[PDB]
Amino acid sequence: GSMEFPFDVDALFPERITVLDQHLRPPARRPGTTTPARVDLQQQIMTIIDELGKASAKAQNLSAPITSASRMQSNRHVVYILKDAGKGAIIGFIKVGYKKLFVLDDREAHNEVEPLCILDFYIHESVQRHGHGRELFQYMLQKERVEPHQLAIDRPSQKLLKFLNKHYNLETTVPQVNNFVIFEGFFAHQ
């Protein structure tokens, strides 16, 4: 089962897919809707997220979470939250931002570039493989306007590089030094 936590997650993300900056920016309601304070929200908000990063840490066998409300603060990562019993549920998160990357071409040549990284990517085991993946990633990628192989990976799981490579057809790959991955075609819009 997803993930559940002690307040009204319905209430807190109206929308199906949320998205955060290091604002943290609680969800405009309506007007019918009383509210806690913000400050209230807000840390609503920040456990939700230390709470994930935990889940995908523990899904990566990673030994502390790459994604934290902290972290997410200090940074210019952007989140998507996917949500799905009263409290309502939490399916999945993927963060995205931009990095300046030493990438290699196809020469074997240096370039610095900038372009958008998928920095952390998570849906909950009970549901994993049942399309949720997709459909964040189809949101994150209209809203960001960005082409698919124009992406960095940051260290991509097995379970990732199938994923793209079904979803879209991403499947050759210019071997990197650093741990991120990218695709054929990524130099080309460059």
Contents of the next structure:
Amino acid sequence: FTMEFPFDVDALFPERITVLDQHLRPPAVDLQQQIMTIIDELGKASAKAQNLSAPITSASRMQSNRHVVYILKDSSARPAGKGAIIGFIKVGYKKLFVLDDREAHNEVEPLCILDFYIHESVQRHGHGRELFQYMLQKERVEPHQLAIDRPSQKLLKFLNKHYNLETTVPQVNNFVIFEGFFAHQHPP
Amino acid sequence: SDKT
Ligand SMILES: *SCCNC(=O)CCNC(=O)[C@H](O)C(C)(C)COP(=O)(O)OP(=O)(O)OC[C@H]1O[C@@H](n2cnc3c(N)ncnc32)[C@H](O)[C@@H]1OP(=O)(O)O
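Return the structure block for the form solved in complex with the partner chain; the form deposited without the partner chain was the one displayed.
Once more the chain from above appears, this time first in line as the rest of the complex follows.
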């Protein structure tokens, strides 16, 4: 993944952030395969960045799940003149049982952050925050209501810096939740 | 979790 593709990303994705589900519908010469290629390359790049041995995001996995992907294109002009992709965030609701600090196992179904990646060359340029904000607004969720699949320390620092989130009770299911997640807790 |  270099951000650029051998087709016109701006023609494919007219909007700054494009939201796709399992159907991978092109916005309105196989435009759907253009989208699938972008997702495949994004997933491979994200896995590499997270020290994972294989991708957790791909076109095929989008098609066989009920996840939603938000894709941020580059709003600047590139020298190659066909646009570019900055990164993405993938979310999905999941059933979990989470332990609180009162020894209760709570059955929940939160929106989960499942994959999140911004191209290395343009990390720490604010793109991740922009993408995350757009997702919060469309999904109608507040940050402390999220669970995150095995977050990187980079993401925990991002969430603490931008939203003051602090992790709460550690779990055995590989998801992380934050203070405010439980009904008896308060967001920061 | 898929990150396992
Ligand atoms: S759970 C998987 C999350 N993905 C990854 O870990 C993959 C590699 N990182 C990324 O794709 C992006 O760096 C993520 C984590 C998605 C954040 O996006 P941005 O880099 O675009 O974030 P912003 O510029 O909006 O915010 C910057 C703040 O984010 C935290 N942070 C970014 N990068 C790091 C690193 N390398 N180490 C520690 N923290 C990092 C910081 O709080 C950073 O604030 P700064 O002002 O740059 O300090």
